[PDB]
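Next come the chains, spelled out residue by residue.
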Amino acid sequence: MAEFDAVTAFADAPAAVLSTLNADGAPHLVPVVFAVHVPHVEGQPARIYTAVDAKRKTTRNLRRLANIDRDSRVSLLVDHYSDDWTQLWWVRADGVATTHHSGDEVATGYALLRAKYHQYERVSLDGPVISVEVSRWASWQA
Amino acid sequence: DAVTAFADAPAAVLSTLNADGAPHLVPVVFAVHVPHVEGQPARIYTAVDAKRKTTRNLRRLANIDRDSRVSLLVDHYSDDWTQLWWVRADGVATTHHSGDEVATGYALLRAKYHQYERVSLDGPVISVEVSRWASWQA
Ligand SMILES: C[C@H](OP(=O)(O)OC[C@@H](O)[C@@H](O)[C@@H](O)Cn1c2nc(=O)[nH]c(=O)c-2cc2ccc(O)cc21)C(=O)N[C@@H](CCC(=O)N[C@@H](CCC(=O)O)C(=O)O)C(=O)O
Ligand code: NA
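Residue numbers (the entry's author numbering), protein chains in the order written: chain A, 1 to 142; chain D, 5 to 142.
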């Protein structure tokens, strides 16, 4: 951990990269917007929420190629890049992802995303929510 | 042109596998060489440079030496969500502690980043041969 508040810096950033494992164990990367929920009690883990944008579809037809549901281990990285290399920093969060189609976690993820991103005033939230339980934080600065 | 967009971007995220199989992520500056040779994969180079670090024996190198399979992502983010795009390169990485690929990587890095003009590079270079490209734009 570098000497800044890594969780706040990660939380305040608008975009992160999400890494999941393919079926054959190879890495896979997608960008995400997200919102961090900081623990209520000391010792409890942070959780990170991201929603998947969904078009209206049949309940059991369309399929997703990549797997979280098969392997749940994920990592998320926020980088602050600048052409001025003195201003570089990053924060990584490693954890376990769970996909939710209804229930508390969907409601919580939509609410937190709406609170963070003004854009969701005009972009609907209709898809499933991935919740990541963070087990390790790392950070670095220039 | 996904490949050119990726190549021109200043930074990417690199994913490697830890010993236990779990994903590891670190940001990188990089340079892409597309050979002008039919069937040759694109090659991405990144180095262990002078940005502050405690060791040159970084975790991502140990990972690559264990399991060569990597992915790298360029994201183009904007507050205007109409301007979003990303490009992902999946491939096979090799670490180089000496030899031709070290000099090739340093040279391509310097050609792209003015910031490296006056930096002495002497850490290892990773080269990645891309097996697949993927892309999306808003
Ligand atoms: C021990 C070591 O830590 P360190 O000396 O603090 O490493 C700091 C480097 O990651 C740091 O110099 C680079 O990220 C800087 N850096 C670049 N550094 C470069 O050398 N080359 C680049 O192209 C580069 C680009 C870049 C762009 C954006 C940015 O924000 C930073 C960038 C290490 O192994 N680092 C890892 C990342 C941290 C890590 O994984 N640590 C372990 C714990 C340490 C251990 O394994 O015991 C963990 O969290 O599991 C690595 O770089 O692969
Ligand atoms: Na709370």
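Rather than coming from a laboratory, the hints here were simulated on the basis of the structure. Mixed in with the good hints there might be a few duds.
Claimed, not checked - Covered stretches of chain D (in silico footprint by chain A; criterion: 3 or more residues with CB under 8 Å from a CB of chain A, positions within the stretch not fixed):
| no. | stretch |
| --- | --- |
| 1 | 9-22 |
| 2 | 75-82 |
| 3 | 98-109 |
| 4 | 128-135 |
Even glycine gets a Cβ: it sits at the ideal position worked out from N, Cα and C.
| said: Check the structure against each numbered hint from earlier and tell me which ones fail, lowest number first. | reply: 3, 4
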